[PDB]
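Number of protein chains: 2
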Amino acid sequence: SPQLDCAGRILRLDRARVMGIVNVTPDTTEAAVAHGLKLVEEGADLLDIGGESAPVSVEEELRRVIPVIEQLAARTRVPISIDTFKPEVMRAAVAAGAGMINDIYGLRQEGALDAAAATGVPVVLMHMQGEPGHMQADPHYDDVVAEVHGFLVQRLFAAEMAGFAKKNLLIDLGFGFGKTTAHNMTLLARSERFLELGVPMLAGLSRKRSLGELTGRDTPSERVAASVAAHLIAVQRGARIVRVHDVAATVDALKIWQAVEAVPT
Amino acid sequence: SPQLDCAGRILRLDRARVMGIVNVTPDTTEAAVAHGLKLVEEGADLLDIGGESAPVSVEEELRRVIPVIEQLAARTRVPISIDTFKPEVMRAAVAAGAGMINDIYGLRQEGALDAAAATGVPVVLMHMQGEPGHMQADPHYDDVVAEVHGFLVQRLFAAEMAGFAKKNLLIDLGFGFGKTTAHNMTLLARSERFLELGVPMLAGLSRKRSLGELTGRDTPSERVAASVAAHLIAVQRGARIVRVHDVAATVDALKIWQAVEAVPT
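Residue numbers (the working numbering), protein chains in the order written: chain A, 49 to 313; chain B, 49 to 313.
Treat the hints as calculated values from the structure; they're not laboratory data. By construction, the Cβ of each residue, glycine as well, lies at the ideal position given by its N, Cα and C atoms. There could be a bad hint or two in this list.
[What the hints assert, rightly or not] Taking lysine-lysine and the DSBU-like style, the derived pairs with C-alpha atoms no more than 35 Å apart in a straight line are:
1. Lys303/A - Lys303/B
2. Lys214/A - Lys256/A
3. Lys303/A - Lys214/A
4. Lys214/B - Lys86/B
5. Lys303/B - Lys86/B
6. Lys86/A - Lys86/B
7. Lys303/A - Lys256/A
8. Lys303/B - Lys86/A
9. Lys303/B - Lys256/A
10. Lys215/B - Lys303/B
11. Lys86/A - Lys303/A
12. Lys215/B - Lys86/B
13. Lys256/A - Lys215/A
14. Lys86/B - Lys303/A
15. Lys256/A - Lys86/B
[To be verified] Covered stretches of chain B (chain A as the covering partner; in silico rule of three or more C-beta atoms under 8 Å from a C-beta of chain A):
16. 285 to 298
17. 301 to 308
[Unchecked claim] Sample of chain B residues at the chain A side, in silico, Cβ under 7 Å:
18. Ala55
19. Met233
20. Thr234
21. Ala274
22. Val276
23. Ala278
Please model the entire structure based on the sequences and the hints provided.
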């Protein structure tokens, strides 16, 4: 069973780990720092800091996330991830204490590939159809599994060629990003097939629109039970990190699961 | 796909069904009926009416549950189950419109076997160590799976000898009833073993103390996420009815499960 060296903060991947979501959007720094610490006390094994909400300028993104990373790094021991697709924010976040990069664009932004390689921290390669801010309105796939797989194969290849070590790579199937409810459930059901790529898999389905379509819950905050069910299924099918808003609820569910899995067959 | 004929109210078991818990305890009648109606609109496929809390006298148990069954039967189309171990309560409830008997004692109360046979409604044979009103302080099992199996085999045969048709029998592993948290997790993990009995399996772990022990939650109403996880796992391992307090939450989880399972492997 592998583990991540998150710039010195080790995260074992023998069991599923919970990544809490800390969005810094309008002081706002103290509120976000408090929010992360409260997620840690609820059981979060790591925190994901993001400054996007009009897309956010690099200067504003840096002003939003750097103080929150600096402070959380000094006030918790869990790995602190930076949720950005921009190379300057990757370099600066890591310099302020981030030990992981979570990139919705899959290092496809100009300079992101080389910048993330040079930081030496683990990087999550997400799949999305489209570009940050412009997701496909009518997503389409001949074979959503094969295309998401093919994309990940080539980003992983680019990462290796750009100088990455394999221990520093994760994949994320990117539920919700340019995908219908059918695409999402199909990827989730066949998600175990992506384990053949040999890197840990991160899954994020927290309060996603597809969960609401299936259950009829139009309000995202009413989608807690479905998110717990979704992340449990993702974990059963090989996801070893789950990115969630509802940390305590996900933590509780994983405890039931771990106890069930410990029984010898 | 099998089904229960609950005194004329058909309950299909092609997918897991949600049984809502309606406890009638001290106008308490109008409150319980309203609560039953609310569980139905939240999605409950059937309701379980019980008058126990100190053991309750038969006169009081009937005074509590009969009006609630009569009225709920007249205002919903769902099966109404009576949660009792007592023969008189079984006969009166079924005559008042109950279409199922849910028995913690496994028809072991004096006269229960013959009384329930004569009603003609499906009956849940639960396993418990101990007696109604006196639960075991230190439950023990050499082999909890084999012993729960052996018990259920014998209750099914005794029911067979009393005249039951198989369509009128379900089993219930009785999580929490004369069981440590460890016993519960072993039974839950290996619960698929009991599908060989050839009858539908009902699972109830809603807000149970064992979930609090696994998660650290002292408040039972703080145990929803763990109840959702437990019941999803129970359904994945063969339970086709789940008995729950948090109906809307469990329904939302089961819809996610069904959507994932509909994808072709």
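Verification of the hints:
no.: 1; hint: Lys303/A - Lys303/B; verdict: holds, 22 Å
no.: 2; hint: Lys214/A - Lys256/A; verdict: holds, 30 Å
no.: 3; hint: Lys303/A - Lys214/A; verdict: holds, 29 Å
no.: 4; hint: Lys214/B - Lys86/B; verdict: holds, 32 Å
no.: 5; hint: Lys303/B - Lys86/B; verdict: holds, 19 Å
no.: 6; hint: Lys86/A - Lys86/B; verdict: holds, 34 Å
no.: 7; hint: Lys303/A - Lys256/A; verdict: holds, 23 Å
no.: 8; hint: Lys303/B - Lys86/A; verdict: holds, 31 Å
no.: 9; hint: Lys303/B - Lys256/A; verdict: holds, 14 Å
no.: 10; hint: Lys215/B - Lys303/B; verdict: holds, 26 Å
no.: 11; hint: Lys86/A - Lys303/A; verdict: holds, 19 Å
no.: 12; hint: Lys215/B - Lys86/B; verdict: holds, 29 Å
no.: 13; hint: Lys256/A - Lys215/A; verdict: holds, 29 Å
no.: 14; hint: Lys86/B - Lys303/A; verdict: holds, 30 Å
no.: 15; hint: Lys256/A - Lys86/B; verdict: holds, 26 Å
no.: 16; hint: 285 to 298; verdict: holds (count 4)
no.: 17; hint: 301 to 308; verdict: holds (count 7)
no.: 18; hint: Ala55; verdict: violated, 30 Å
no.: 19; hint: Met233; verdict: holds, 5 Å
no.: 20; hint: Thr234; verdict: holds, 5 Å
no.: 21; hint: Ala274; verdict: holds, 4 Å
no.: 22; hint: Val276; verdict: holds, 5 Å
no.: 23; hint: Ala278; verdict: holds, 5 Å
Consistency with the previously given hints fails for number 18 only.
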